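Peer 1: What follows is each chain in one-letter form.
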Amino acid sequence: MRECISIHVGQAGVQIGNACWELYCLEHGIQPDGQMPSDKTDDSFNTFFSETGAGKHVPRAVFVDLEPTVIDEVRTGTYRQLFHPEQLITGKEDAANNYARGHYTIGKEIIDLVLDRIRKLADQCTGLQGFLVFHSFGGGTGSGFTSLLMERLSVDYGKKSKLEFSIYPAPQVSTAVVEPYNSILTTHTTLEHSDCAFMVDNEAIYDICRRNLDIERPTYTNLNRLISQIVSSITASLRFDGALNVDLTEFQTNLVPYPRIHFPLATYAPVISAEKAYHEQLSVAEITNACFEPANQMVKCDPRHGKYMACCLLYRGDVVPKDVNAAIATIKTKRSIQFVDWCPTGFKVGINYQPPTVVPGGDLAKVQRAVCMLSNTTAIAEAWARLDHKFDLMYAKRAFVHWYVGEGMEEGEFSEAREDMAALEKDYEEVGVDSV
Amino acid sequence: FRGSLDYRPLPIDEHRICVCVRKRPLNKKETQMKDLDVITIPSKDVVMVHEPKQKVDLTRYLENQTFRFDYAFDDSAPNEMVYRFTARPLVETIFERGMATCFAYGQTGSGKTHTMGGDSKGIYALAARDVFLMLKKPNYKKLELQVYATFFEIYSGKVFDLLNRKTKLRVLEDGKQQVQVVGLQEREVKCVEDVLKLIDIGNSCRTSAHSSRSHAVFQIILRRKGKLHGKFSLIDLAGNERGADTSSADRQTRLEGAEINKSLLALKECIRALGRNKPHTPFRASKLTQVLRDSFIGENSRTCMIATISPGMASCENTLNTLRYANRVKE
Amino acid sequence: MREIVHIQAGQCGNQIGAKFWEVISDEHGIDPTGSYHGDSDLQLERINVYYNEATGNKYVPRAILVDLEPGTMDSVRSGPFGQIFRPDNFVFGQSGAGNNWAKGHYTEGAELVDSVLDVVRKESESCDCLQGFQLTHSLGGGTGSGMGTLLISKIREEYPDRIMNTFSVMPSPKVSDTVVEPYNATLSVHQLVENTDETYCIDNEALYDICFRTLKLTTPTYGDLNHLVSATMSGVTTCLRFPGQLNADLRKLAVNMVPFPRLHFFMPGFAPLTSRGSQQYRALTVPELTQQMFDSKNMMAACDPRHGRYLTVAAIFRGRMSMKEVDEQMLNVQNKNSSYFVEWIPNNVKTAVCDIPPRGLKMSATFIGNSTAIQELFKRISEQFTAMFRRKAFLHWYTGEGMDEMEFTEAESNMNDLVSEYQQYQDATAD
Ligand SMILES: Nc1nc2c(ncn2[C@@H]2O[C@H](COP(=O)(O)OP(=O)(O)OP(=O)(O)O)[C@@H](O)[C@H]2O)c(=O)[nH]1
Ligand SMILES: Nc1ncnc2c1ncn2[C@@H]1O[C@H](COP(=O)(O)OP(=O)(O)NP(=O)(O)O)[C@@H](O)[C@H]1O
Ligand SMILES: Nc1nc2c(ncn2[C@@H]2O[C@H](COP(=O)(O)OP(=O)(O)O)[C@@H](O)[C@H]2O)c(=O)[nH]1
Ligand SMILES: [Mg+2]
Ligand SMILES: [Mg+2]
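Residue numbers (the authors' numbering), protein chains in the order written: chain C, 1 to 41, 46 to 440; chain E, 204 to 213, 218 to 326, 335 to 423, 430 to 552; chain D, 1 to 44, 47 to 360, 369 to 441.
Some clues are possibly wrong.
[What the hints assert, rightly or not] Taking beta-carbon pairs under 7 Å as the criterion, some of the chain C residues facing chain D (in silico):
(1) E97
(2) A180
(3) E220
(4) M398
[Stated by the list, open to error] Pairs of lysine-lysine residues, derived as DSS-like cross-links and limited to a Cα-Cα distance of at most 27 Å, are as follows:
(5) E:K262 x C:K430
(6) E:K351 x E:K405
(7) C:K401 x D:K338
(8) C:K304 x C:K280
(9) D:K338 x D:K326
(10) D:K326 x C:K304
Everything labelled a hint here was simulated from the structure, so no lab data went into it.
For every residue, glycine included, the Cβ atom is placed at its ideal position computed from N, Cα and C.
If we strip away everything but chain C, and leave its shape as in the complex, we get:
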């Protein structure tokens, strides 16, 4: 095929991974036992799933958490049969919200079977594109073991692509004070390897389920379901194949103008309560309008005071090319949308024709046509500066550093990673300058 391989690390990455493959099975039509009614035991979905012998369609995913409580739910849940059991790899002592225990002490002893098993998945394929890594920016497991894991995947698989799905931490459900440290570290070490990192502000997801779903204290469940829906919008152009959708690797090329500038703000269109019923479907024009409201955004930032460098729209459901073009006309000049003087102000659109299947009892009101926009804007730097502030107070007094150094790492790695962060911010500046 043109296969892919998903990887899910840490509490967040594993739970959100379960929501993701949940939705994958729903949309593509598979029951928790791994059987499909329509297939013949080389299709658009045979990139994310492999066929066994008895038509037991099985994912191409490796799950890892250093403390097996979060993966044991997989082997007790409805999909315990779905998985090849050898790729539900678990440790013993959780990294304890400590990056250095991921990157050095704990991860070293497990990485080798992690990659013998990822190997066991890669030998199944005939032409693998890249790996999809799902992890959190916060917890020790997902930061450390992903930084190292990528440092290894770049050795064993240099030619291949590597797409990050990253979970910016929200103070409301933050389970640690040292979240800035972990985030800055794993961004620093992961940058030169990863090709494209989709960022998810947990704060933003919380606000979404505060407004449009009207949940007062949304559980981790609600958030994982919503994020899963968005990820399904992004991957849908990989998992289906009409004459009107192009590869995510086709317009990945257009989203990343510079090697270090590979963070596309995402935006997802209709988000409405299934409880708060009585609803008129939205036109292509209305959801294309919503794709520019900071409410329906993924990261907490403000693109109106920032410049654009690209724009992608992945529509799914009922969409005619002319509807898209007209909506794009209504949006083009009527708004204060700005491009850098070195970039064509063009849009590429992936029309996928499968509707958005929501969740049984999933408080996502099912809809007929949706759009997910990937905008590579310079205002995303906000989310970095929100980090480097919460950082540069603590690191100003070196508070909490003694743990990370106490599990192997030096101090100078901090001043280096931070200096590199400020460098990245000044790069998101240098993008904005013009010429004459």
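Following the hints, position chains E and D with the ligands against chain C.
Peer 2: Frame of chain C, contents of chains E and D with the ligands only:
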């Protein structure tokens, strides 16, 4: 770059510490796998780093950090030369009722042990020999000073005496005054080849991946009427090791490296504490700080830092941290 | 990280260990004899954190009980849930310390220490993912302080990568008979600052004050306090006996709590306040719960936090209430008193909620506070101590038992630098 330069030379300032830096040359490993030399020294006063940077747009450029110091030793000068300006003008101190010291700060592979522990013409041996050549001199013998020496290691956050074959020693304070290294065997010497003997007692009694894995303190003590008069310490520390350089796991090697970087962290925060004066400098943070307390804030104390740095591009991160703290030292 | 091995020694320490195992053996649903008599399975998802399993529905408390006084063990057998303790785990000396630190550290405790280390050994040889070690004791006496600190040192040098947690109590001339206590205290601190990870501080002065002013008990008995401490213990162990994302294991617990390696002295506090066997008809709400458990009238150590600043806090609420109400009152206390929090550490207060409430309450709230005001507790002792070591009273006890005498002024310089460390991070703005 490199050549096509160096017209201007060095007119410095008044310091509170003799801060100096040594550059070691590349070896067979960094040359076979052709690493690059990114440190140059044109005058005995200027350390230049050629930080290889890259703009956002992949245009390679050079961030040319310049670091003036007390003295800059390049990739040639032997232990003699380093001793002559780092430790030698410090022998004067201890004879004149003084308490001097000497640092070996750098990264693992920068050459601290080779400058202190030789191979065996190290600054231990050389400083001792200049102690016993001046004690011959007429106006120094007219003091009848009895010479002693100690040699002990901090490892795993505890103190062991190398002359007394790895015996555990406590560390106490009491009445301010001094930090009393309780239990320390203090061996009397009266000639240079006594000192060489104690030296190769400790150098081989040390814990040892063929590198000095413990903090070495080598004292040369003076006692007139038995009461303390002089104390010159010579210190070979472990280097600040990366962590990003993965040791081959090992249950005790990670203990060692972690404790090393934690002691060096405490020391480092005490540097950045004195540089701006926090009225509570955190010296009771680690055993190492608890020691160097009087090496810094002693009443009649002098001291010297011999910094060491590798010249390879791979080391440049470490190198810049070491030089940056050596700059924040010069006060 | 799962298994936690628990140990109690000294009069006070054994006592409070008993009260602990009482309230938590009821909350987990274990009967006095040792069979599961619960209702909800919420009490068994993380039961393995404090009990080994003898096959046959026998929950053996992974615990060890020690004393140099041969008596003590009697108070165990009369402990209503005391038969559940494993036979081998009873290791009791027969000399007795009599309020002497050096007798417990360099003398007789030096003899029984290796007897305890073997039972600890065979306790760790049967643990899947051994978390760390959790101890209970007292500081003003003889056995607990000394033998405790020695034990911590040897465990530390045999288990360096396991968390070191200690629940220590304080002497004060309001409950302590003798006055050899401002010595054993400073010694114990000298070892704790250098060998432990976490440390919870309980002041006898605070428990007397609460028993007299609030509970109106003019004549405070010695169990009236053990009640008050066991409650707090259940409150701060909730995060380790029940499931939840926040404060899962002890490593995580110290991570969001320990900004600097030495500063690790907490000031627990509980709301509401009750006497023994007296339930709450007008059981407390939420704004009074959080408005009390951050005031000083419910704290467990004689330290007014309003004088200092909070470094970190971990609030825990138990029962069934509203989540939004919880987090809202938390941040309300935070920002209406942002003048009491180091603004250079943000997101510093972490609050979780557990379903099962404590016994006798329907809604409760525990407090854990690493404040800069804790130095007031250490400026008091270094005053009862510098006023007795400048006079050298009773020094033939310790010094005449193999102790250095300067291992005292060592502890005075150590604690008098610690005080300067808590005062350091009290006025450092985010410049
Ligand atoms: N959206 C979402 N975020 C999560 C979830 N679980 C954890 N997080 C985020 O992750 C951060 C904490 O890291 P975790 O992922 O829980 O920790 P971990 O990866 O299991 O690593 P350890 O805790 O050391 O085992 C918090 O700030 C949360 O916001 C989840 O299920 N969904
Ligand atoms: N001036 C010099 N010229 C040539 N080689 C040198 C010089 N100084 C040091 N070296 C080399 O540096 C190597 C490492 O020395 P050493 O001081 O033991 O490393 P280190 O800095 O001590 N690492 P560590 O043991 O953790 O302290 C020696 O084997 C020498 O070959
Ligand atoms: N709250 C409380 N304090 C106690 C108890 N027993 C002793 N103490 C205190 O602990 C100090 C030392 O007493 P003791 O426990 O007999 O000494 P130790 O066992 O050798 O540590 C005294 O000052 C008492 O105030 C107790 O049961 N409860
Ligand atoms: Mg985990
Ligand atoms: Mg060395």
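Peer 1: Which numbered hints does this structure break?
Peer 2: none
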